[PDB]
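Given these sequences and hints, build the entire structure.
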Amino acid sequence: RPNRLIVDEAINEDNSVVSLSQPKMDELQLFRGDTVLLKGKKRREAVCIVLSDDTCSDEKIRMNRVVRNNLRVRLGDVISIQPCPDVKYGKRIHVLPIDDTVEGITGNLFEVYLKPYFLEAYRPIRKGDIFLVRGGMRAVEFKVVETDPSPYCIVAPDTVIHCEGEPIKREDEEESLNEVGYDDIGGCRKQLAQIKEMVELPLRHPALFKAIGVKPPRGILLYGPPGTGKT
Amino acid sequence: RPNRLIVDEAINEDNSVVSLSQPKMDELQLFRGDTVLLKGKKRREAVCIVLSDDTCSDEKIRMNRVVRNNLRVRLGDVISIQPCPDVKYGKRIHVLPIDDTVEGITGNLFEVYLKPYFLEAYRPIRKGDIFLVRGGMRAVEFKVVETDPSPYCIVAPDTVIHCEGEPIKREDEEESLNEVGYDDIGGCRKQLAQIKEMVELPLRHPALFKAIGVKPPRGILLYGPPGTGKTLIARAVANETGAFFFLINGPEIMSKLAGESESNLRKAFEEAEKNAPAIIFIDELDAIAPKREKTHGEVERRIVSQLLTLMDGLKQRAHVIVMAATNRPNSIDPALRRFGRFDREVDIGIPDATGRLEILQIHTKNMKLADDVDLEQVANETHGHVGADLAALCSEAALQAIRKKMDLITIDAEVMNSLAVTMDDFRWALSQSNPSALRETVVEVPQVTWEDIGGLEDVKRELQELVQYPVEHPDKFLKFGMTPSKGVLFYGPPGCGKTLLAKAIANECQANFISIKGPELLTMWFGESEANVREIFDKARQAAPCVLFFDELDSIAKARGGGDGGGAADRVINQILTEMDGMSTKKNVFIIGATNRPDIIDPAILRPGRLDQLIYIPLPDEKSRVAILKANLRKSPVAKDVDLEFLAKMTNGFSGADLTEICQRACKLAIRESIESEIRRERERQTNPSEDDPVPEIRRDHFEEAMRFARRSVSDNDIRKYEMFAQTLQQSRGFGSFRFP
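Protein chains in written order, with PDB author numbering: chain A, 22 to 252; chain B, 22 to 430, 436 to 588, 591 to 718, 724 to 774.
Keep in mind that the hints are not guaranteed to be accurate.
[What the hints assert, rightly or not] For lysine-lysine, the following DSSO-like pairs were computed, each having C-alpha atoms within a straight-line distance of at most 30 Å:
#1 B/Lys386 with A/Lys81
#2 B/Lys426 with A/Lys236
#3 A/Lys190 with A/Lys136
Everything labelled a hint here was simulated from the structure, so no lab data went into it.
Right, dumping it as structure tokens:
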């Protein structure tokens with residue numbers, strides 16, 4: 022099924038843009054825009070803007086950690102990619118910051134964070150999604166609790182944003198974006214790739230490794246001067 | 022009784038083939054491929070196919086582990102063999118897999134496992150037989166529930182197999198095929214044979230040993246670098262002899278509280294006593310009983326003393342053999358190497374190319390491999406691998422193949443059987459593999475042969491008389507009053523094949539070859555670690571018959587000035605002399621020294637009882653040069669139009685190193701031309717997107738160009754010096770006119 026694409030790390034840092042390989046969007050009938058509704062592994066649907074890049078493999082879809090989290094998928098998982106041209110310019114979207122990422126923050130969060138975000142770019146939004154905004158040398162994750170053309174919309178320049186205190190407690194299923202990820206690591210791309218090749222198959226497919234008769238790696242020894250982020 | 026035959030290890034891995042010796046094959050009118058019935062130890066009959074081989078001994082029958090298991094017999098047991106021409110081509114066969122061998126696999130086993138089996142080959146089948154099928158890199162054993170012409174049947178290609186799933190839980194008295202055996206061990210054929218001859222008789226015939234009353238081997242120390250499967254060797258020996266196997270892990274014992282370690286050791290020895298005959302394997306003995314200086318604590322010394330006490334009390338214990346593993350003999354307390362303790366010693370060491378090939382076959386046995394794979398090449402390239410390194414390499418190749426296959430896809439056995447590892451995967455693993463024994467001393471029979479040098483017939487004769495005759499005809503040396511010469515000294519221009527000659531003589535005698543290069547002697551000299559010389563000889567003695575080669579004995583003399593004002597004596601060469609004097613001629617350890625500066629060699633080494641013979645290895649002659657060129661180009665594709673004889677004739681005065689340089693330069697030119705032409709072709713395709726190898730072989734032009742860089746590293750002055758040395762040695766031989774009256 023062409024709609025099935027394997028998740029992979031993203032190059033572009035936009036938390037609403039997914040990238041595909043050149044022989045794919047045409048095959049899937051998509052363009053540099055063409056908001057697409059990807060399907061998650063927990064009945065989670067995320068609408069994001071499509072893009073392209075040469076380095077991306079034919080069967081790989083590059084997505085950032087935010088989309089991965091709100092889709093409840095991890096690297097190497099397979100997601101359904103299907104065009105979503107039936108997108109409406111929602112007028113009022115009610116969002117809410119998560120309490121865990123706003124402690125000690127005061128001021129108009131919308132102006133501080135949601136204003137530079139959701140502006141100068143027709144970002145797609147899906148109800149119940151979590152989107153991260155980096156500003157003021159902080160990172161705040163906002164949960165979209167309601168959109169007027171439910172469950173998905175596009176934030177137009179005239180679109181209205183709603184929020185009134187009452188920070189929402191993160192649910193158990195959601196994983197904090199501050200949790201470490203491959204995007205939080207730099208300077209060891211080669212070594213990180215080596216470790217990934219070592220451990221992904223044993224960890225991502227434990228039942229296969231138990232049923233199969235190959236020897237998994239047991240002890241990996243990362244060395245180097247302290248402060249290189251081995252932990 | 023002719024029917025009685027002694028079970029023996031099999032060379033062909035087929036569950037329905039048993040090999041017989043030619044005389045006994047004809048004695049019992051056993052025809053090739055004829056069905057034969059074997060009677061087990063406990064009324065366990067099995068039908069197999071007779072094969073013929075020369076290596077098989079008359080009174081022994083070569084049989085694999087599957088047949089042995091369904092016969093309930095072990096190596097060295099006696100079974101009755103009878104021809105069974107009265108075979109029936111049974112149609113309906115009911116078989117069922119054992120659960121523990123299919124724990125994880127899914128899909129129709131028959132379509133993926135039993136379909137290749139029983140196909141294109143008539144496999145005799147008997148009810149109750151458990152037979153192993155190796156596929157999908159997972160070996161699965163099936164138990165024959167029943168057959169139509171019970172109990173004996175043949176699975177003809179038109180037969181029918183009925184399977185109802187429901188894997189059978191294995192019952193008692195049936196040892197699992199995954200249990201280690203001699204077929205699961207590779208790279209230690211000599212050491213495994215030594216351990217077998219050590220322990221089989223005490224273990225297989227405990228009463229015959231206690232009643233008879235001789236000293237059994239109570240302590241065996243298998244030392245060698247980690248990863249050589251020493252625990253595997255011990256477990257296989259225990260399983261094949263039927264002896265109870267108790268494993269003591271050094272770290273596990275030392276991980277317990279004080280008192281708990283002593284209790285655990287005592288309980289292990291008591292359990293071994295209870296289940297005698299038994300083997301107690303102490304893995305990582307150095308963990309328990311390191312050198313007395315490395316055991317600071319008092320509890321550690323108490324544990325070592327407790328182990329010594331248990332080893333000494335073994336005498337009261339009956340038919341209990343204790344095996345221990347260590348990296349080196351010096352890693353453990355010397356008190357453990359006394360008599361009544363780990364006095365027997367075996368050196369597993371690094372596997373050789375043949376050993377590495379055996380290991381690769383063992384590990385790549387269930388693996389489905391592509392046709393392009395040649396494990397011989399991998400074994401050749403896997404220098405410095407110990408066997409755990411080879412297992413890791415095979416696993417890495419399998420994992421890379423799994424990645425390359427499943428990237429586009436509780437497992438499909440059909441997929442795994444379809445999955446195949448290619449030489450590309452193995453070469454990638456080789457690149458990504460880090461051998462654990464790269465700097466371990468190499469002790470192996472060299473693959474060099476006299477043809478690689480193809481010259482110096484007199485030198486061949488001298489080397490034969492000095493190495494081959496002592497080991498091949500000890501009776502002749504005893505008959506006359508001659509003691510074999512301890513060693514010889516090669517001297518001559520650099521790169522003239524002294525190492526080649528030493529390796530060739532070692533190969534001819536099938537003796538181990540140890541090379542001690544000049545950098546090693548200089549490392550001992552600079553570090554003042556001349557004591558290591560002992561180890562070297564200890565290695566050679568452990569590998570006798572062995573050729574101990576010192577590539578540059580004059581390296582230290584050169585390092586001090588061809591001088592520094594002192595005498596020719598130095599610490600390292602002094603230790604070499606000391607070890608040579610303390611070398612028993614009964615051991616067939618032959619010392620060969622090589623030098624380009626015979627003048628500066630310490631005279632003490634050129635004495636009777638030492639490297640007394642001096643052999644001049646001159647620059648290769650025309651025939652030797654042709655042989656050297658052929659040997660260098662053996663691995664290279666060379667166009668037939670090149671006349672290596674003409675090249676040898678025109679390259680007079682060249683050392684073997686010079687000819688190797690010419691050949692390598694020709695290969696360089698050929699490779700450069702190949703790469704340039706490939707770049708040209710791909711560029712032409714890019715510009716003209718609208724094939725054959727331009728240079729499949731090294732042509733004449735390549736050699737002609739390489740000869741323009743040809744060098745003569747040995748000047749006529751150096752040849753003059755060496756010839757003057759030889760003439761000085763030969764002119765003193767002025768008593769040839771002597772004749773009796």
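Structure-based check of each hint:
1. A threshold of 30 Å between alpha carbons decides the hint, and for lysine 386 of chain B with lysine 81 of chain A the separation of about 34 Å lies outside it, so the pair is violated.
2. A C-alpha spacing of about 18 Å is found between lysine 426 of chain B and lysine 236 of chain A, which places the hinted pair at or below 30 Å, so the restraint holds.
3. Among the hinted pairs, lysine 190 of chain A with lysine 136 of chain A is consistent with the structure: their alpha-carbon atoms are about 23 Å apart, no more than 30 Å.
When the structure is compared with the earlier hints, a violation turns up for hint 1 alone.
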